[PDB]
Amino acid sequence: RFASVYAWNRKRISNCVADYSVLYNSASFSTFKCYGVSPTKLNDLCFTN
Amino acid sequence: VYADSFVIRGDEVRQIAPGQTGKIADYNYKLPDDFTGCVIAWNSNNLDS
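In order, the protein sequences belong to chains A and C. Under PDB author numbering, residues 346 to 394 are what the first sequence spells out, in order. Under PDB author numbering, residues 395 to 443 are what the second sequence spells out, in order.
Calculated directly from the structure, the hints in this document are not laboratory data. Wrong hints could be hidden among the right ones.
Said to hold, decoys possible - Think about it this way: if two alpha-carbon atoms lie no more than 25 Å apart in a straight line, the pair counts; the simulated BS3-like pairs of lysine-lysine are:
1. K424(C) x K386(A)
2. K378(A) x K356(A)
3. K386(A) x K417(C)
4. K356(A) x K386(A)
5. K378(A) x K424(C)
6. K417(C) x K378(A)
Claimed, not checked - Using C-beta positions, here's what the derived DEER-type ranges look like:
7. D428(C) x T385(A): 14 to 22 Å
8. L387(A) x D442(C): 31 to 39 Å
9. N394(A) x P426(C): 31 to 39 Å
10. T430(C) x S359(A): 44 to 52 Å
Said to hold, decoys possible - So these bits of chain C aren't anywhere near chain A, every CB distance computed over 10 Å:
11. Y396
12. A397
13. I402
14. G404
15. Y423
16. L425
17. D427
18. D428
19. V433
20. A435
21. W436
22. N437
23. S438
24. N439
25. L441
26. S443
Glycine residues also receive a C-beta, built at the ideal position from the N, C-alpha and C atoms.
Input sequences plus hints: build the corresponding full structure.
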C-alpha cells in the first residue's frame, strides 16, 4: 500500500551501498526523469544521505 | 541525405531525439548531439498489428 499524495511517505536511505543501475536498467518504469543529476552518472556519484 | 526507418512503440517516439537515453536511444538507434535532420513518425496499428 502506497501513501496518499496529501500524506506522502518519506524514508531515509543511508549508511549503505547503492546500485542505481538495477533501477534504471528495468523496463517497467514509465518515467525516470532526473534533475541536477544524470541517470547514468548517478551510479558513479556518491551522496551524504 | 540518409533516410532511416524502423518501427517502435508509441511510448518510444520520445526517445528518437538528440541527447535522449533509454533502451531505444541507448541500444537501438542513437541520434548525435548536433543532429541536423528531421524525425517523422506515424501510428501503424492498422498495418503492424
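To see whether the hints hold, each was checked on the structure:
1. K424(C) x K386(A): At roughly 18 Å apart (the allowed maximum being 25 Å), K386(A) and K424(C) satisfy the hint.
2. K378(A) x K356(A): Holds, at roughly 20 Å.
3. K386(A) x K417(C): holds (16 Å)
4. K356(A) x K386(A): Given pair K356(A), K386(A) holds - Cα atoms ~23 Å apart, limit 25 Å.
5. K378(A) x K424(C): Holds, because 19 Å separates the two Cα atoms, which is no more than 25 Å.
6. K417(C) x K378(A): holds (14 Å)
7. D428(C) x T385(A): 14 to 22 Å: holds (20 Å)
8. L387(A) x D442(C): 31 to 39 Å: Holds - the Cβ-Cβ distance for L387(A) and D442(C), about 35 Å, lies within 31 to 39 Å.
9. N394(A) x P426(C): 31 to 39 Å: holds (38 Å)
10. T430(C) x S359(A): 44 to 52 Å: holds (46 Å)
11. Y396: The assertion about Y396(C) holds, with a minimum of 27 Å to chain A.
12. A397: holds (29 Å)
13. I402: Check passes; 14 Å lies beyond 10 Å.
14. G404: Consistent with the label, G404(C) stays out of reach of chain A, its closest Cβ about 12 Å off (over 10 Å).
15. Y423: holds (17 Å)
16. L425: At about 16 Å from chain A, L425(C) clears the 10 Å cut-off, so the statement holds.
17. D427: holds (14 Å)
18. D428: The claim stands: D428(C) keeps its Cβ more than 10 Å from every Cβ of chain A (closest is about 19 Å).
19. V433: Per Cβ check, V433(C) is outside 10 Å of chain A; nearest 21 Å; holds.
20. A435: Answer for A435(C): holds, closest chain A Cβ roughly 19 Å.
21. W436: holds (22 Å)
22. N437: holds (19 Å)
23. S438: holds (21 Å)
24. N439: holds (20 Å)
25. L441: holds (25 Å)
26. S443: Label holds. Min Cβ-Cβ 20 Å, cutoff 10 Å.
Comparing the model with each earlier hint shows no violations; every hint is respected.
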